[PDB]
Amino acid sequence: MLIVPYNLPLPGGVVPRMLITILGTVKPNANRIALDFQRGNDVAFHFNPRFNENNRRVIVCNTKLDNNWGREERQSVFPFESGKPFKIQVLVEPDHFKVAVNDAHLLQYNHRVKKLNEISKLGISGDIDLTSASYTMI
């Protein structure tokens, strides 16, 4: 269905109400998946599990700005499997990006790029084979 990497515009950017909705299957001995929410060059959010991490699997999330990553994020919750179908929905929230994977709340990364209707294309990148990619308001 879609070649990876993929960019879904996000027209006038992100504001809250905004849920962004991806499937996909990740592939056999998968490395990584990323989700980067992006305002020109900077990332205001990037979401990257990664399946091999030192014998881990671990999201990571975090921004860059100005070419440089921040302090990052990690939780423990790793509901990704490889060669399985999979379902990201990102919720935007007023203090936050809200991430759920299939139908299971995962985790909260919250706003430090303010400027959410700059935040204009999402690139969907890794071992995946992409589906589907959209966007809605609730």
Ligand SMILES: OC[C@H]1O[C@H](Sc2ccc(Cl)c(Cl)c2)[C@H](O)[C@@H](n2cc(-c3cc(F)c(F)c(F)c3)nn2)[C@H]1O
The other form holds:
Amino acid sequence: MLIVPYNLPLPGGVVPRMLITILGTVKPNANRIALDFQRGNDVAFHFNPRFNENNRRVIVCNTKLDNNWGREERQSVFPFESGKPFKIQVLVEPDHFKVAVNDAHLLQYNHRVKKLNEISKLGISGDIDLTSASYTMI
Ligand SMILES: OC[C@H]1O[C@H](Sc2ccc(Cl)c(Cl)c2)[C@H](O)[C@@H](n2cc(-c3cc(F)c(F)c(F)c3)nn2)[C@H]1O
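Let me have the form solved in complex with the ligand next, following on from the form deposited without the ligand.
Zooming out: every chain and molecule, the one shown earlier first.
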């Protein structure tokens, strides 16, 4: 439906209580997906499901500053499945981004980029059919 890579502007950046919801379907034989919450050229929060990293499925999260990736945060719970519809919910909390997939909490990512109001774009890329991307204040 929506063209991927997709850019969702986040006017005035993010703030606690802002909820971003992404609906889509993983393509068959998917290799990767990425959500990039950007501050200009920096990536404040990169959320990156990898479907085949040495025959393992893993979600890699990181921050990119001045074109350098930092320390990766990895955990082993992988709720996505090739060919299946998903819902990602990213809730901005005062100290971290809180992520739920298909209504189940997945992970938290502590804020490395501190100027939340300058994280003004969300890029969505990878092996998905993107249905919708929106935000609301809870
Ligand atoms: O840490 C996270 C980064 O890890 C490597 S670079 C690297 C390698 C080793 C280490 Cl120890 C470190 Cl710290 C960094 C990736 O190449 C990088 N990356 C992924 C994508 C990308 C682009 C897409 F278009 C897309 F659809 C997609 F799903 C993904 N672009 N850039 C990013 O995931």
